[PDB]
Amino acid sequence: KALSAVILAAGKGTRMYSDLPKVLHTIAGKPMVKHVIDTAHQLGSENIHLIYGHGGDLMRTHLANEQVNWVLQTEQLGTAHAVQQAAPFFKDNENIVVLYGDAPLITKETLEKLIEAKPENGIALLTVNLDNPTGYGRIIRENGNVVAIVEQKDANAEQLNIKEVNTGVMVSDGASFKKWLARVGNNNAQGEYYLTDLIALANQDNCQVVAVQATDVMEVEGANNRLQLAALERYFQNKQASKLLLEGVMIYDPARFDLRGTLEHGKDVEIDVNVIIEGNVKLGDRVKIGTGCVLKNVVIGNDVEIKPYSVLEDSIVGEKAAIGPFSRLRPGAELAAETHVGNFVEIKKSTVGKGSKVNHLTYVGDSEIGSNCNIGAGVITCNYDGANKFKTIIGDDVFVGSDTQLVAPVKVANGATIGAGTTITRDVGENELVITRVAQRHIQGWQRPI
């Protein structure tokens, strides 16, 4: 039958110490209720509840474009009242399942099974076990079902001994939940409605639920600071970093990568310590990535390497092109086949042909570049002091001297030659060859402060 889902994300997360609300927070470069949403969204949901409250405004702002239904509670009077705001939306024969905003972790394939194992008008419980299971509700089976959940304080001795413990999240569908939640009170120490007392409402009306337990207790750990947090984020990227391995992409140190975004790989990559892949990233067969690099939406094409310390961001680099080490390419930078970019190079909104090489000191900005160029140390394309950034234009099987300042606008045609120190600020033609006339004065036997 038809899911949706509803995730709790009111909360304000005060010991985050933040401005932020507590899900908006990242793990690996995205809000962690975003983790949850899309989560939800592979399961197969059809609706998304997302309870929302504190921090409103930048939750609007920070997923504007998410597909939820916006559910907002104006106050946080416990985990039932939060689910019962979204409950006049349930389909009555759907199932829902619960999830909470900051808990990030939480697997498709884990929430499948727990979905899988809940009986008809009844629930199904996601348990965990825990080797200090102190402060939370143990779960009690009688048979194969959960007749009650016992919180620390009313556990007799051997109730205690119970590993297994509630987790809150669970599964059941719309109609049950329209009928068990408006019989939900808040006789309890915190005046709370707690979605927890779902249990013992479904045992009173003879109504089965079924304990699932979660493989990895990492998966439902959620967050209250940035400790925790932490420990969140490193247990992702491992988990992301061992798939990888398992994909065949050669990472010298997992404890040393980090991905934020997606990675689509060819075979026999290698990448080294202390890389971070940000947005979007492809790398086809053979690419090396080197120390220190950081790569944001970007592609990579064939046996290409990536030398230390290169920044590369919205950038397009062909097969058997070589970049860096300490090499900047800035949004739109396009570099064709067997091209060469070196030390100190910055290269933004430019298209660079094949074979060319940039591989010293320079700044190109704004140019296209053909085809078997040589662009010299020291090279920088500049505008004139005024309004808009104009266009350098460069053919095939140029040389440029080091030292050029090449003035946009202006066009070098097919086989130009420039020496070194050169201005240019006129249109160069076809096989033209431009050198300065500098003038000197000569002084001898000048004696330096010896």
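Under this definition, the rigid core comprises the largest set of C-alpha atoms superposing within 1.5 Å between the forms. Numbering follows the first chain given and starts at 1. First, how it differs from the form deposited in another entry.
- With the core fitted between the two forms, just one of 283, 347, 271, 146 shows a Cα displacement of at least 2 Å, namely 146.
- The rigid-core alignment places the CA of residue 159 2 Å or more apart between the two forms.
- Relative to the superposed rigid core, the position of the CA of residue 135 differs between the two forms by 2 Å or more.
With the form deposited in one PDB entry already on screen, would you show the form deposited in another entry?
All you get below is the one chain by itself.
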């Protein structure tokens, strides 16, 4: 049988105390709902019907690229009413899985088990045993079989003691959904059309209802507030770190590691405590990342060491380079093999050729630097007070003395040597040595305070 998905995502999320709608709060740097859409896609869903409502404009801007059917629920009249908005698109002979944009950790594997357990013309639902089931629909079983779900606000004293609860997740065929949704009313304590009434309706039709008990409680947990969200984040980060460790990445402390995107890695990679990996990051063999580093959208070659407290974004680093500590690579930084970038150095939109060193207290922006250059401490690339920002071009085997200002646009040809304290405004030729002539006054017998 084919499969499509419906994702309920219309909620305001009042207890997040936010201007965002509930499902756009992030886990590992992306909206909760994006995790759910991705899972529905990996499961092989032909269509993904996204039920949205509150924060509609924000949903559409933040999820503009998602391959979903946008189904606007103008009023939040209950979970059955939400699913019914998508029901006209259900094929009679496909399975439909109901998912929630605020329950982001549900796995493909669990959902495949749920789908496989669904009986013909019946329903499969995911349930879970909780020590404290307050708030959740209670699973009612007669002679071992599920016959109904009773919500917290509708339950009598005995039913509230039931520890097995509804996760909300269920699967049935499209025809059965249409049939039963039309028979859902709103005669209950909340005045809502409950999706949960489908269980008792199916029982009334002598159709079978199978519960699959989820064994990992956090996997099926939803987030109603940011405390719950943080619990999901920690669970997810632990899971990601455990996968990387089993793949052979040495993460010194998995509880102090964060991945917010994707990590491609070689062998014998070592990542010290308190590292954050964001966006798409690729690390070669034997890359070592020191404590406190932030890498966002970077490619790091084999045998690179990044020393502590380095922040790198949208940058490429060649093999055997050495970066840090306290180095800053801003977007467009491209460091060739065997380069050295040191403490309190900022590189922005610049290329730095093989073997070159930029080891202290330096800003290099909008520059091209060749191979085997020595960029002294305190060197700064700058511009005139003009309009746009021009380029500094330095050739191969150039020595730039400490505290030199390179005033763009300017070119320094191969083999040139620039003395310390120089202001370079004119192009420097091949093998040209430029030294600043200083005038000083010397006053003898000057006594400082005793």
